[PDB]
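Protein chains: 2
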Amino acid sequence: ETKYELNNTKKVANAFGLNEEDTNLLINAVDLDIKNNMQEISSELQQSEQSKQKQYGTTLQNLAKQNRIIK
Amino acid sequence: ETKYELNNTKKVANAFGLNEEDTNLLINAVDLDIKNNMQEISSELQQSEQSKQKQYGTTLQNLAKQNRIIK
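Protein chains in written order, with the UniProt record's numbering: chain A, 2 to 72; chain B, 2 to 72.
Careful: at least some of the hints might be erroneous.
[What the hints assert, rightly or not] Examples of chain A residues lying across from chain B (beta carbon under 7 Å, computed):
no., residue
1, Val13
2, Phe17
3, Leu33
4, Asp34
5, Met39
6, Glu45
7, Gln48
Since the hints were derived computationally from the structure, they do not count as laboratory data.
For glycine and all other residues, C-beta sits at the position ideal for the given N, C-alpha and C.
Assemble the whole structure, with the sequences as input and the hints as a guide.
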C-alpha cells in the first residue's frame with residue numbers, strides 16, 4: 002500500500018504538525034534505514050515478481066536573456 | 002535504538018522538537034510496521050559475505066514485493 006503499509010505511520014508523524022511532505026520525508030528515512038538492514042535479516046522467499054515503483058522528475062525553466070541597448 | 006541502525010532516524014524525528022520519548026515512539030511504529038511486512042518482502046543482496054558463504058545463487062527476481070498472507 003505505502004512502504005510496507007505505513008498508513009498509520011503517516012498519521013503519527015503528521016501529528017507533530019507540519020504539512021504533508023515533512024511527514025513522508027520522515028518515513029522515507031526510517032523505511033530506507035530498515036530496508037538497508039534487510040540485506041542481513043533472515044529472508045529469502047521464492048516468488049519472483051517485478052513491479053514499477055514510478056519515477057521522479059526535475060524542473061528547469063528557460064529564462065531567456067534581455068535585449069536593451071539603444072532602442 | 003539499535004533495531005536496524007536508525008541513529009540518524011532518531012535525530013530526524015527529534016528535529017521536530019519534542020523531548021526524547023516521542024521520537025523513540027515514532028520509530029517504534031515505523032520499525033514495527035516494516036518488521037511485520039518483513040515476513041513477506043525479502044532480498045538476495047549483500048556484496049559482503051562473512052567467511053563461509055559463496056557460490057550458488059540465481060538470475061531471477063530477488064525483491065518480490067507482494068502480499069498474499071492477507072485474505
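Cross-check of the supplied hints:
1. A hinted interface residue such as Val13/A counts as satisfied when its beta carbon comes closer than 7 Å to some beta carbon of chain B; here the least separation is about 5 Å, so the hint holds.
2. Taking 7 Å as the C-beta cut-off, the interface hint given for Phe17/A holds, the closest approach to chain B being about 4 Å.
3. The beta carbon of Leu33/A is not positioned within 7 Å of any beta carbon in chain B (closest approach about 9 Å), and the interface hint is therefore violated.
4. With a least beta-carbon distance of about 5 Å to chain B, the hint placing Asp34/A at the interface is held under the 7 Å criterion.
5. Interface restraint check: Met39/A against chain B, minimum CB-CB distance 6 Å, threshold 7 Å, status holds.
6. Hint status for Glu45/A relative to chain B: holds, with the closest Cβ pair at about 6 Å, below 7 Å.
7. Look at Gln48/A: its Cβ gets to within about 4 Å of chain B, closer than 7 Å, so that hint holds up.
Consistency with the previously given hints fails for number 3 only.
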